[PDB]
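Asks: Kindly produce the complete structure, drawing on both the sequences and the hints.
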Amino acid sequence: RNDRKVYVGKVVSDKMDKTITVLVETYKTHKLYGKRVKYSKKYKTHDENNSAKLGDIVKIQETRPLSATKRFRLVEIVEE
Amino acid sequence: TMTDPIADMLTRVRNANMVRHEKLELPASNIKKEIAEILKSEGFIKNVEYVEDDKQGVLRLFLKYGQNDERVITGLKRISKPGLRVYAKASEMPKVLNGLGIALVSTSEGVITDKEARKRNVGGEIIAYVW
Amino acid sequence: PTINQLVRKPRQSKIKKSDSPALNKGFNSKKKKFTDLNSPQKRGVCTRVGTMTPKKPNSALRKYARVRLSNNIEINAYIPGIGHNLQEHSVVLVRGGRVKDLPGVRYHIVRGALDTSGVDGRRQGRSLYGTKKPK
Amino acid sequence: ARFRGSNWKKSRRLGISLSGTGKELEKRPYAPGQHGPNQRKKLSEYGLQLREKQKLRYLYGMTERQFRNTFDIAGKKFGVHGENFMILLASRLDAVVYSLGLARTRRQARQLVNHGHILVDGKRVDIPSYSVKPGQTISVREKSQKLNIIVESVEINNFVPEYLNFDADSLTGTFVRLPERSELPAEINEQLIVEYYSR
Amino acid sequence: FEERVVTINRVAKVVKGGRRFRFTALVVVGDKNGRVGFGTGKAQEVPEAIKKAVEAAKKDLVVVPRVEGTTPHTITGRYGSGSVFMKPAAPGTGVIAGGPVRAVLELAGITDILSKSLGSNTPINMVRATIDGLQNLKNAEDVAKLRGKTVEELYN
RNA sequence: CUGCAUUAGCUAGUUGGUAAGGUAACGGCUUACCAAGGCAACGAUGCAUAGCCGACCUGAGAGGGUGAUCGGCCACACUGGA
RNA sequence: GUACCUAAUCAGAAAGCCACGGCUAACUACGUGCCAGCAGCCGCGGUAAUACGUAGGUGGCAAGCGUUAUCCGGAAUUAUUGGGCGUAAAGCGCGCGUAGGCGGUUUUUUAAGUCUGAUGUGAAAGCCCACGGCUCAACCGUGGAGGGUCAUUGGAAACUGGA
RNA sequence: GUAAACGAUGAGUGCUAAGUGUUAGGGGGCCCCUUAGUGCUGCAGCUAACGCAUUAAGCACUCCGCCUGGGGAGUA
RNA sequence: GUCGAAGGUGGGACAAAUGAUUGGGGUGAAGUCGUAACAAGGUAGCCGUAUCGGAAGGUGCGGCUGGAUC
Ligand SMILES: [Mg+2]
Ligand SMILES: [Mg+2]
Ligand SMILES: [Mg+2]
Ligand SMILES: [Mg+2]
Ligand SMILES: [Mg+2]
Ligand SMILES: [Mg+2]
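Residue numbers (PDB author numbering), protein chains in the order written: chain r, 4 to 83; chain i, 2 to 132; chain m, 2 to 136; chain e, 2 to 200; chain f, 11 to 166.
Possibly wrong hints are sitting among the right ones.
What the hints assert, rightly or not - Here are the simulated EDC-like cross-link-like pairs (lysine to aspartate or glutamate), alpha carbons at most 20 Å apart as the crow flies:
no.: 1; chain 1: i; residue 1: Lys-34; chain 2: i; residue 2: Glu-93
no.: 2; chain 1: f; residue 1: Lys-42; chain 2: f; residue 2: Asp-142
no.: 3; chain 1: f; residue 1: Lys-148; chain 2: i; residue 2: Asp-70
no.: 4; chain 1: r; residue 1: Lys-56; chain 2: r; residue 2: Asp-17
no.: 5; chain 1: i; residue 1: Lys-41; chain 2: f; residue 2: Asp-152
no.: 6; chain 1: f; residue 1: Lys-159; chain 2: i; residue 2: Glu-71
By construction, these hints were calculated from the structure, which means they are not laboratory data.
Replies: Below, the structure is given as structure tokens:
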């Protein structure tokens, strides 16, 4: 029933075995001056088969803790 | 280089109004044409013509002066800018000069005035103030 | 500045200094250190008592005391009113408020508190000088 | 009352007969004090605002704190701030009793209500600050129905405002509706008081 | 026409021996029905300075559009470094203004308004800024005529 | 959701994997082996300060300041470990 | 045996604090004489001081009134709202350039920003509005209203962003 | 690696009366028009004033650098 | 037997207080020496740099007008 958060982002490093780090980009607004400013957050997600490669735009979903800092799992590779 | 054609058009109008010129030729664009048509409909300018020439096209505005040569356009102010963009909700639409002026707005229902935005209950990017 | 400049380096307000620094500091004897506590008055002991000549254009012999406060800070405190019964080792209460004429005197001694006696013969604005109602 | 000073000196200061008779201003319409006579100085705007505020306050025999609180609540009421403040001042039990005429003086009415000779809707009210509202009735205590002071005051057929309906036979008044500015004294410029409390 | 003396100032011109002192009077004149003006007068004595200032003010008057005792819309009058922001209020608000601005507004007859002097507080430039704002005020009927429409069309 | 760059490098169980143990529970939580990863000018690391919040004071507002009483959450019980 | 109610006696027990040169409401006399002293700032005091001390009078408050300390305001004096940089403080001595910021005209498309609904939630108490109860008020209770940069979900496509 | 390194005036872009000199060009009949500089005078507008004014200090938009009373001190 | 608080030893880091003596800074008077700047300030001044001199300053080189009578 209840679904879990899903994010789409580019892969910025895959040197780890079966792990890819996904860079999700957002635009937070300055609380006083109101301007839109870029915000990048790197997500450590599980890559079981090493299918994802550095550069491709992938989709990840939140899971239970899988490692010290891995909390997400790769769902599909939207683009490459 | 050029960074805000809407601001350039408003400043052309302001300078021509100051010098009490009659007409005004500026490079054309769809947003500029809609702004000019709104100005004509509201009564701040006398007329608008479009010249579909080569390149970009041209907008030819004809300004309106009241009796005693009084200027109908008191002032134009760019509100949303490339360096900082301003949007407003329907319930937060501003009243220019307590209602005596118009705020040109860009909405999902076309670029309209603040009166129309409030009536249709929509918001959008507040392009400019004209009073 | 541009909005981008303000986002990159936001505006910074001027910092305000207190006019009575010695009242804003306590002393913890066990840890032998100072602490930041705001007090309206502090007790002290008159290390010295005497008179000072005001800066020009004024001329007078203004009565003052060098006082070591409970927080171990040594300050100069003006003695208000006509006549005082203070000498070295007198225990006095000190409040804020500088005397413009006296350069280094930034505090006042409360009258009618601890050792300091009320002004004798004062009848108008007595509370400011610690004098009981004569009746 | 709480203020027990020379009401004549206060009237002379403020240039108004707080009692309404005019006795204070008849002979010496100038200010009290050594410099009272031969006074010719001109008041600043702040002085004028202060004088207007003090006129209203001493007219209604209130203290500064309660006066300010009443001004605040009047400002919180819908309408014109000054007019609302004046009508609320009128709606006080002291003012209502004085207007009904159960006493000749505002201070006398205050002392009567303070000592409890009055009843609102048939119940005792000792607090002159009590705020009456339309549809209420002001009566007199049975043990005090035949007091010399009250009967003497009722004898003098004083004018009864339109917002009050009084029957002297029963010593019973009714607060019909809220007053209006015309009914309220015109010697007060409420705008000056509003500006005073603005600054 | 009611008249109020805003400020009286003792100015001095230096001469070979001593100084020459003169009195300058700044005065505001208004009928309290939408007409207000200001003037300055110089004389050796304040009564004559005031009289000259009153004459100048009566010579120079401006018409202040109003709406039930308040201005048609908010305006910021500017002159030199003077700057006065003025905003319509509701009945019973009072005139929330300080210094010469209050004199100008009261003599123009405005009884309910909010204002703030944002610039120089020198009385003459304060008055000039206030007068500039009042001159630049606009009224619904006149703006409708200028734009070739009706009041109802103007408000939609 | 805080100040400092007159703090620019930090990290080696550290980052990931395989296996095992362990716990109510996932997980470097721990331990062996394989690789060299991981964080950081979008401010890491370091230093200084601080219980957090509902709220409270102030201001026309935007904001600025505060975190008594009362309620929620966290932490602690002479200091440290079990 | 507290509140409260009933009956009797007496104006009799129950007023002080600061200020009065401008700001800032309130001025005269005497004493002192750049001394004694005052002072928030400008300053006041050297012999006729509304500024010192006392007196009378006056002003503001009142069971409080003043002083001190601290915060916000006034301060547009860090300026988003809402300031500036020729001479008042402020354009790097000047290039080449990375990141970032921003970006010319038209069409199609997307719906991240933007706009508009629904649903959940944003405890209670508190601020605000209304009502009700203590003789009134503070206070107490009830019902509203508001508070998100919140989350899911359906719609719009001018503008910014992607194709 | 600093100068009163100055126009004590950051860069880019567009718009807003005119008169007149000069440098390098271009087009049309000694004259007219025009592009890019370099000077002087001068409206509107701006400025506290002085002044600026199509080579803005005017009207606007983008980015950068810089200021927040004097001294201590461009010092420790 | 593993882990393990406290403790011990060692070389570093950081912070605060204090220290013979010493450097310039401010303040205070009616002190001493000169007179550098403001007028053509009596050698126009000022900016950077070098050097010299009790001191202000002088001189050299370049720069500015925020100087220049006739
Ligand atoms: Mg702590
Ligand atoms: Mg400068
Ligand atoms: Mg330069
Ligand atoms: Mg010389
Ligand atoms: Mg010389
Ligand atoms: Mg030499």
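Asks: If a hint holds in the structure, say so; if it doesn't, say that too.
Replies: Here is what the structure says about each hint:
no. : hint                   : verdict
1   : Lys-34(i) x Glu-93(i)  : 26 Å, violated
2   : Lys-42(f) x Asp-142(f) : 18 Å, holds
3   : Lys-148(f) x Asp-70(i) : 16 Å, holds
4   : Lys-56(r) x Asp-17(r)  : 7 Å, holds
5   : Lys-41(i) x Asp-152(f) : 18 Å, holds
6   : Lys-159(f) x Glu-71(i) : 16 Å, holds
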